Each structure stands twice: as C-alpha cells, then as structure tokens.
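Enquirer: Now for the letters of each chain:
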Amino acid sequence: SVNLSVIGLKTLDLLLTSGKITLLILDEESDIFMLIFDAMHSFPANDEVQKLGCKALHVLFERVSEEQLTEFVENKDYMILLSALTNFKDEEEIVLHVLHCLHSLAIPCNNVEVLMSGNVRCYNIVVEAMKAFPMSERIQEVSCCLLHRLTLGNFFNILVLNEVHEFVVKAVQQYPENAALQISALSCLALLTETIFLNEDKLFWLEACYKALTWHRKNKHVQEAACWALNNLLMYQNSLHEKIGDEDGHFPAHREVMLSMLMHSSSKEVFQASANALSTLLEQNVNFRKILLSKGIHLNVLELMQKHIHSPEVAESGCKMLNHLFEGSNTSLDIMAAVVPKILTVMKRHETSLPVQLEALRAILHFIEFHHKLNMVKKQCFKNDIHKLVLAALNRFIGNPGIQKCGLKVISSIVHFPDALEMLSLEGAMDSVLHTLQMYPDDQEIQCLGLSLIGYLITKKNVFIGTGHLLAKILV
Amino acid sequence: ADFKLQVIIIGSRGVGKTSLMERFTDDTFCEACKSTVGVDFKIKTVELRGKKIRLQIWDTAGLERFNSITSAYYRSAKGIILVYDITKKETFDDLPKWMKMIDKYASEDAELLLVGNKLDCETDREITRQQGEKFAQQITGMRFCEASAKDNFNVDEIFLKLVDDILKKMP
Ligand SMILES: Nc1nc2c(ncn2[C@@H]2O[C@H](COP(=O)(O)OP(=O)(O)NP(=O)(O)O)[C@@H](O)[C@H]2O)c(=O)[nH]1
Ligand SMILES: [Mg+2]
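Going down the list, the sequences are from chains A and B. Going left to right, the first sequence walks through residues 128 to 326, 344 to 512, 525 to 632 as the entry's author numbering numbers them. Going left to right, the second sequence walks through residues 39 to 209 as the entry's author numbering numbers them.
Chain A on its own, in the form it takes in the complex:
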C-alpha cells in the first residue's frame, strides 16, 4: 500500500515519541523491525518512505537487545546503510538518522569488527562528514560520537585512512560549544594520537584543547577528555612543549590544568587525567616546577590522595606528580616532615601494585636546633615505619629493578639515623639486600649501591658464625 504504508509510517513516527508504547510494540508478534525492513525494501526511491522510516529506527534501536542487535548485522544493517547513504547522499535528514542508527547499533563489540570490515566499511561516515554536512552541527556531533565508538583495537585502519585523523580535527575546531562533540572527539583523538604520530599538524590539537579547557569549565567529562588529549599529545610530540606557557603568544595551559584539578575534586577520574597532564607538563620544564610549588598544589594533591584513599590509580598519579614536581627542589625540613607519613600511608593503602610504588619510591627520594628538628623528623619517620614498608616492598618484588635500586638508595640514606641499627635490627633488613644482591649480581649500579648497604648492615648478630658464609661468597 504505497500510499497507505507511508501514512502508517507517519503515524508511527508521531507515536514512537511518546514512549512506553514502544515496549508494547516490541512485545508483539509483529516483528516490527522486519515490517519496517520489508517496507523499505518494498519502497525504495521515496523521501517519505525512507526518511520517516529511518527516524523510526533512530529511536527504536535504543531498546532491542544485545544479541538481536548482534544478529541484525547479517543483512539488516545492509538495507539501512546501503539504501540511505547511497540512495540519498544529499538528503540531510536521512544521513543524519543513518549515522544515528548506525551509532546506536555500534555498541556491541562483535558488531564493530563487522562495521570495520572490508565489505561493510565505516568510512561512509567520512563521506558524510565531508559532503552531506560541511556546516551542520547535528551531523558532525553524531558522526564524531560514532567514530569514537568505533575505536577498538583496530586503530591502524582508521588512522591510516588519513580522512579520519584529519576530519575529526576540523570538526573540533569548527564547533567549540557542543559538549558531546568534545567528549567524543578528544577521546578519539587521545586514542589515535600515538598512531597518527607514528607517521604543523601538532599545532592542531593544542589550541582546540586549550579553548576546550577554558570554555566548558563547569563540566567534568569535557575536561577529563581535554586533559587526556593534551597529555597524550605532548607526550608524543615534544617539539611543542615550548608552544605553551604563561608568557605572551603562549597558552598558560598549566594554570588551567591546575584549576581543573582543583574544581572537580570529588571525581577521581578527572584528577587522574589532570595529574598525568601536570606530570607531563613538568617533565620537560623547569620554570613550572616552582610556581605550583609556590601555588601550594602539593598540599592539595595530598588532600586529594587523602580523599580517594581507597583507589590506587590516583595514588599512582599523585606520587608521580610529586615526582616530577620535586624534581630538583630545595626544601625546608618542615616540608618533608609534614609530607612523608602521608605518602607512606598512600603506600600501605596500596601495598600491592608495582607502579604505585615505583613512582612513589621515585618521588620519596627527593626529601632524603635544626639537628633537633632532624632528630624528631627521623624518629617520627621510623614511627611511621618507612623501613618495614620499603624492605617488604623489595621482598614483594624480586623483579622491578628500578625500585630495587632506588629503595636501596633510600635505606642507605636512612641508615644515618640513630634508630637504624636499633630498628633495622628491630625489624631486620640485611637478608633482603643479600637476596637482591644475588638476584641482581650483574647490574653494576645495583651492585655498587647495595654493596655499601652490605657494609652498613653487618653487625655481630649478622656476622655470627655460620651466617657469614653466604656473605663471604657473595662478596668475593
């Protein structure tokens, strides 16, 4: 009924927007999707039969299944994609809904590889983003959300087809206000920046990410995505470290990253992204690692670690930020006195992950009358039991030679405190050094660092007869 089916579809198009009749429509013996597909197969070449019908699948695909959705890629997607994109490569409403329904069914992982196959190629999206809408907001928003959804482990198709790693960038710089566009685009670009820089262009991400950092200030998701994309840009193209800064002609992006860290304090994800962002900021600058120190950001990141104490990722990132922050900073005794037991709390809260102790060990080194101050400092320090933490850490990780060097350096530093041969002998340390010495004999740096410790932890208890045979063999 080529004139009575169209009005039936029009009734459907007005009916579906009410909602909750929708589940009743699905709960039927109609196979309503098969009805619509048989209709569209019956009536090609018709704006009303095509457009109203796609507007329907547009809202109808939101609640079907996961498996019938996974089933539908047999030949159903074929009807929608083919007819609409090809038959109607200039009908803006149709391609908008075609990208929308494709994005909706692009959810299950077993469908994405079908969508990125050779027969079904999801680069019609590019043809749409170029031709059908050079100046339409809704099409660009939906297409870029689709392209972010497509980024599974097959990155070297999307990036190698250079009509994706470029067109998304023009989409970002075109519309700087659509928030969904931002949280799709910058996430996609952070996931593709490594592979696109495995092959100026680096100027493109930076200004867009800076304006996105400033403008959509109140939102969390846009700034998690922004700090992520900026971090993953600068950590792969070092040449534009100089292109930012508080100086004229530059972007004071470090101020914005600090502010974004301060704002959405309750969310661990944005603090994680901002901490990695500030880390890679400080990693290739020396002016930055005095201002934030003067800006008191260390106490704030200590507070944030005190808040998200039950989460190891932000603990890793906070210790890492402290690492790059204190990288070459003179300090008063009150600083390290207040600081250290917080960090040991951070470690004994996450006493299981190598990286959360890798970066923390890499940071804690920097801190190690005024003598009375040092006396109470080290006494409360062993009260916070540094020595048990680090020695059991090396006990926990026969591997990870970085901490197997640095924590040894820490202990050799700490042994100049009067409790050492009391408390390293009220806890025991030397056998771990011996087990690591035989674990790492060939490493010259680990050998020489641990050898002075061997000379600093042998008392009459440890050199009691019989117990020195292993020490003799390992020394010779």
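No lab work stands behind these hints, which were simulated from the structure alone.
Simulated pairs of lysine to any residue, SDA-like, Cα-Cα distance not exceeding 20 angstroms:
(1) B:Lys80 x A:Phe282
(2) B:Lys172 x B:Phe182
(3) B:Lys90 x A:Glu194
(4) B:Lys42 x A:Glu201
(5) B:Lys82 x A:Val241
(6) B:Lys42 x B:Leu93
(7) B:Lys80 x A:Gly245
(8) B:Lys72 x A:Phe283
(9) A:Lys258 x A:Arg248
(10) B:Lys90 x A:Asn238
(11) A:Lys617 x A:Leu582
(12) B:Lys72 x A:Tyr250
(13) A:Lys565 x A:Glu583
(14) A:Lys434 x A:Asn444
(15) B:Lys42 x A:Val239
(16) B:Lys82 x A:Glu201
(17) B:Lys80 x A:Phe283
(18) B:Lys89 x A:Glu201
(19) B:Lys90 x A:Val241
(20) B:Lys80 x A:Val200
(21) B:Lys42 x A:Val241
(22) A:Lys544 x A:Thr496
(23) A:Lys362 x A:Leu406
(24) A:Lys535 x A:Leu509
(25) B:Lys42 x B:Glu85
(26) B:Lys206 x B:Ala39
(27) B:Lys80 x A:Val241
(28) A:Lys362 x A:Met402
(29) B:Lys80 x B:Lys116
(30) A:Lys203 x B:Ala39
(31) B:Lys90 x A:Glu240
(32) A:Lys451 x A:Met407
(33) B:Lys42 x A:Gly245
(34) B:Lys42 x A:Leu279
(35) A:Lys492 x A:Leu446
(36) A:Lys561 x A:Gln594
(37) A:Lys137 x A:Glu218
(38) B:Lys82 x A:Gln195
(39) B:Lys42 x A:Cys236
(40) A:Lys539 x A:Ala481
Mind docking chain B with the ligands on chain A? Use the hints.
Expert: Below, chain B with the ligands alone, put in the same frame as chain A:
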C-alpha cells in the same frame, strides 16, 4: 559463531592478494582492483567440522612504506598465507625476505601456504609449477597450490585446506 580465525595474507605489490581475498568472501573479481593502502579486514563465518568458525582475513599492502605497519599482526596471526606471481620471478625471489618478515614475527602455529597467482597462462609463467615445489624445501608447515583468482580456480581449497589443517592443528 564457534571460533574466530586470524589468517594473514602477504605478498608482493600488485600480485592479486586483494584480488584473491574478495573472490573467497565476496566472490567478486575486478581487473581494476585498487591496491590496498594498509591492512584491511574481511569478515567471514564458515560452518565446518561441526563449528561455525569466524574468519578474519588481513590483506596487507606489500609496498616498502607499509612494511612496519603490517608487522603488528603477524604475532597474532594464526594461519599465514603467502601469495606470489608467475610473470615476475622478482615477486618470487623475495620470498625469503617475506620469510624474513615471517620468521622475525610469526608464532609457532603458522602453517605456511604458497600460491601461484593467475594460473590462466602458466605456459608464459616465469616460474615453473615445480619451482614452488622446489621452493617447498622449507619446514613441514610450508605447502603449495597454484591457483587463479580470475578463473576462481581452487580459491576455497586455498583457505579451506589451510583452515582444515589449522583446525587439525587445533586440538
Ligand atoms: N589474470 C589474472 N590477473 C590477476 C589475478 N589476480 C590478480 N590479477 C591482477 O593483478 C592486479 C593486482 O591486484 P591486487 O589484488 O591489488 O594485487 P595486490 O598485490 O594484492 N595489491 P595490494 O595488496 O596492494 O592490494 C589485479 O588488478 C589484476 O589485474 C588472477 O588470478 N588472474
Ligand atoms: Mg591487492
């Protein structure tokens, strides 16, 4: 959907891998087939041995600029095909170099299969059908079957006898 397979297809430029790929899945031939610009899927699910087995064909490029890009897939490739031409012994005389790209990255269960392309005019071939059998002197994985994507000759038994032996290598 029982298992998904990870066959790779490598070979020289313009030999016909992209030709031989779609002749097995889309069954379409075209003399004006554009050379592939990187790696590319081609999904296919075939039911065999009481199991609906999925298949991922990864057509690589072959050009020198795209040598490093394709390299990330051999360490995850289950089966490995090598395709080579017949007019061009130079497309044959780099098979150890292809093997150099194989041996540096292939896994333990890589069952090689050689295939001469375009068998329609083998009398004018620069390479004999026995030269590949003379090239078959490699390890026990290496097999051989001359074929043709134009004549659609034995294109299934290229993949089928491979994936049968692959599933035979499977427990
Ligand atoms: N006569 C004949 N010609 C063939 C056959 N297979 C391929 N060709 C020719 O070889 C050309 C090369 O096509 P193609 O599949 O891209 O070769 P390729 O080495 O896989 N190139 P790429 O991997 O870069 O896509 C085809 O266009 C076709 O003219 C065949 O079986 N017979
Ligand atoms: Mg080809």
